[PDB]
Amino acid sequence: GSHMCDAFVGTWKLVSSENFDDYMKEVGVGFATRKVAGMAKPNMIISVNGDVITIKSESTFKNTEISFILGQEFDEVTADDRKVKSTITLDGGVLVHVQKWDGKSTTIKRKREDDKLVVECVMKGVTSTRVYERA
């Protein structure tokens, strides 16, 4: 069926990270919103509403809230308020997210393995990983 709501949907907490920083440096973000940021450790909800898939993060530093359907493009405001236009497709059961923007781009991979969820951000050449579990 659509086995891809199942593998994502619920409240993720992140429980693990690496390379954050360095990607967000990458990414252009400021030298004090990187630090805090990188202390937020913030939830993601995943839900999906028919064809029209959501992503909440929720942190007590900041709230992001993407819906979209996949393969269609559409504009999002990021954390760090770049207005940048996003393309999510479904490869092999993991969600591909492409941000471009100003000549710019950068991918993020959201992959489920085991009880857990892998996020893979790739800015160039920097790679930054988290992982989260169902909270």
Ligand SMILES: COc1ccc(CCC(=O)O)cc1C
Second form
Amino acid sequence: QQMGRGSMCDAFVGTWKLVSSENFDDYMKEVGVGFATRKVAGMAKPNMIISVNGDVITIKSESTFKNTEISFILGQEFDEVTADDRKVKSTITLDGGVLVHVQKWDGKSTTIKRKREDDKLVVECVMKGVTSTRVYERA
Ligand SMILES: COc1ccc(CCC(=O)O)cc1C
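Right, and the form deposited with the named molecule bound of this protein, after the form deposited without the named molecule?
What follows is the whole complex; the chain from before opens it.
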């Protein structure tokens, strides 16, 4: 019943809009996303809402492709069904200033890193040798 303190993660909180994407189709291909899903997913310019309440972080994506929402505690594995409909086991940790999100499914793994750079939030999606960089701006 008191007002809690802030945290470093507060740099991520807010409302973000996708402004650029690079190599996302190739990332999705490497992940195993099929043709029609890649085409539709690649058009979307989501709004991402990041919030924190105590130890719980929520990342919501409001998207013309597929809305998603995850809530989690750093270091604590959870179930996630991804925008492309994978059922994955995810763990998100804060490593320095970078949120590191590892998704595991069917013996595969991909990592999504989120970092503040100037006024942007940069999202770096890595499947094996293939990286996609997605830049969000404040909405
Ligand atoms: C493999 O497919 C994927 C993977 C990651 C995302 C989220 C990318 C972002 O938050 O900007 C979205 C999709 C469709």
